[PDB]
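Engineer: Below, each chain spelled out in residue letters.
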Amino acid sequence: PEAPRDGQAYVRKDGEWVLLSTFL
Amino acid sequence: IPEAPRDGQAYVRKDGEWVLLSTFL
Amino acid sequence: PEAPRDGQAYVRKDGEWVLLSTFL
Ligand SMILES: CCNC(=O)c1cc(C(=O)NCC)cc(C(=O)NCC)c1
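Residue numbers (full-length UniProt numbering), protein chains in the order written: chain Y, 461 to 484; chain C, 460 to 484; chain X, 461 to 484.
Honestly, the hints are just simulated from the structure, not real lab data.
Some hints here could point you the wrong way.
[Unchecked claim] Straight line, CA to CA, 20 Å or less: simulated SDA-like cross-link-like pairs of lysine to any residue: (1) X:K473 with C:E476; (2) C:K473 with Y:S481; (3) C:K473 with Y:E476; (4) Y:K473 with C:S481; (5) Y:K473 with Y:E462; (6) C:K473 with X:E462; (7) X:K473 with X:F483; (8) C:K473 with Y:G475; (9) Y:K473 with X:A463; (10) C:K473 with Y:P461.
Could you put together the complete structure from these sequences and hints?
Structural biologist: Printed below as a string of structure tokens:
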């Protein structure tokens, strides 16, 4: 399914969309 | 959601689009 | 299709899921 549409980037983890910024 | 470009570059999902990872690194 | 479900983040590249950590 689609990631949130909220001006933030997402990566795929554990069957979820997780913010990229958390890893940066 | 559709495939990302297949062009040797990594993409992340943003705003219902595929965006280059490199932009954020 | 789904990325691996293994506690790790993935990005999309070349029609595949590739570890985010490789790029960081
Ligand atoms: C210009 C913003 N770039 C990043 O924040 C960035 C880039 C990189 C990056 O370019 N890595 C290439 C080795 C890595 C990280 C990272 O490992 N953050 C952990 C807190 C962050």
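Engineer: Are the hints correct? Go through all of them and say.
Structural biologist: Outcome of the hint check:
no.: 1; hint: X:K473 with C:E476; verdict: holds, 14 Å
no.: 2; hint: C:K473 with Y:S481; verdict: holds, 12 Å
no.: 3; hint: C:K473 with Y:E476; verdict: holds, 14 Å
no.: 4; hint: Y:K473 with C:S481; verdict: holds, 19 Å
no.: 5; hint: Y:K473 with Y:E462; verdict: holds, 14 Å
no.: 6; hint: C:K473 with X:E462; verdict: holds, 17 Å
no.: 7; hint: X:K473 with X:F483; verdict: holds, 12 Å
no.: 8; hint: C:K473 with Y:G475; verdict: holds, 17 Å
no.: 9; hint: Y:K473 with X:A463; verdict: holds, 7 Å
no.: 10; hint: C:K473 with Y:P461; verdict: holds, 13 Å
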